[PDB]
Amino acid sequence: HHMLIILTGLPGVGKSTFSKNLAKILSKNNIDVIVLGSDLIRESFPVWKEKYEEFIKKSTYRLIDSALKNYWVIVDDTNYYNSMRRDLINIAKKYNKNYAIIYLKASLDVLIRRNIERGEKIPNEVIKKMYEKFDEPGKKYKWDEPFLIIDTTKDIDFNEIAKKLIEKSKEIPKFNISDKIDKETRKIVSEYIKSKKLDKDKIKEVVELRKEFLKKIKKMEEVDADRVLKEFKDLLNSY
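That sequence in the form deposited with the RNA bound, only its own chain, can you share it?
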């Protein structure tokens, strides 16, 4: 069967590169897989503007959503907030597909390094900040626990990852009358105990009086709430 693979990690950690390589190995193992991320649409605009984010976010989600109907989808996005990963998981749940969160990690050193090597189009200060605010996968919710944690400073074994993911895709993602009688007879008993201030010994009789009464009732086939309750009220009035 097929699944939703959710990457998470800071800008420059290697999400996009890891995505392409993962997809390529999967393709060799005979799987139809597509790589999606908010960046596809975000970079389609010639400049950045806060006001495009809504459309960017909505459109990326529609593509992911429509793609998971027929293909494995690798979501290549920073996904720094747990609520963002929750949102992606809701798509998998909706289609009853399995999902795996893959957390790519790297020291802040490497991150700043790589960011400089890219023209620091994202200011290093913002990178530092994001590293601090990042939501550690699984620290808050079991559903957020990373299927794998990848160290992008060391070599990566895609065949092994593929193998594990393929196995995971084969798992099963699972994700009147009577009570009325009990409820109400309980109310009546409390009403009665109040109106007569019975003693410790006489209340116990009333309790037992109700147990015996209820037990007898669950024996008869035809039972009408209102009529049974009336029978109970008068049983107490003459006891």
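Positions refer to the first chain, counted from 1. Between two forms, the rigid core is the largest collection of C-alphas that superpose within 1.5 Å. What changes on going to the form deposited without the RNA:
After superposition on the rigid core, the C-alpha displacement between these two forms reaches 2 Å or more for just one residue among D39, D32, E53, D182, namely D182.
For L209, the Cα coordinates differ by 2 angstroms or more between these two forms after the core has been superposed.
Annotation for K194: C-alpha shift of 2 angstroms or more between these two forms, rigid core superposed.
Comparing the forms between these two forms, the C-alpha position of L10 differs by less than 2 angstroms, with the core used for superposition.
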Given for the second form:
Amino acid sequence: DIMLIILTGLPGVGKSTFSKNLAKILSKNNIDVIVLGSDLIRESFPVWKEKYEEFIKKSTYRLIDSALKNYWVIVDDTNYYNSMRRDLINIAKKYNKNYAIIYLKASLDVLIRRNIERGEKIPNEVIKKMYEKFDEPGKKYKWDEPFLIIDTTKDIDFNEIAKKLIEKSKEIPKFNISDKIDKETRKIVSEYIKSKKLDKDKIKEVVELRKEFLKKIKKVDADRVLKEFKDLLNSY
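Can you now output the form deposited without the RNA? The one shown was the form deposited with the RNA bound.
Shown below: the chain alone.
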């Protein structure tokens, strides 16, 4: 009776806080659960470099795979693209475990204010673009439909959620390069902004630069594309 819980939701929506609260209640019910997410490995490097992301991603999948043989796993990650949620569901599929996607939502104004209170580590402008561009889960594939959609500005009943997940766990389980380029150019942009401490007008400019660059890319070799993106930001 092991299940895979897949969080999804934009930066600052409260994934990690929700993960820790849910884990506490599950363990109260004598469920063995582990919270795993890419930041565990990413933040173990003293700096960020794009070449680290492959190791970060694989390491995170490996831990989840190993963990899910013996424990419930809560995947604490933005999981912005359907391709990521697919990779995770395929881990559950490998071991015939049930899974539940839990989509955490909040308005853009809430995410911005939360970002501001945590020291605006990711740029506000970047959260705004992510918000505009986000394809909400379940809008394409039936396997991607959320088990729960949770408004994190309203009271959340963790006992009820726990009850529902343990019920689900007893049920019979039923079952991109463009994404990488999109994901890493965004991270590169955020890092440059933070590194070079760009002003608000410069921030708008580089976010717009990225948008234009990606239109050109679309209308590919990832490493060449990302290297050129870096060179472009430097040039600009």
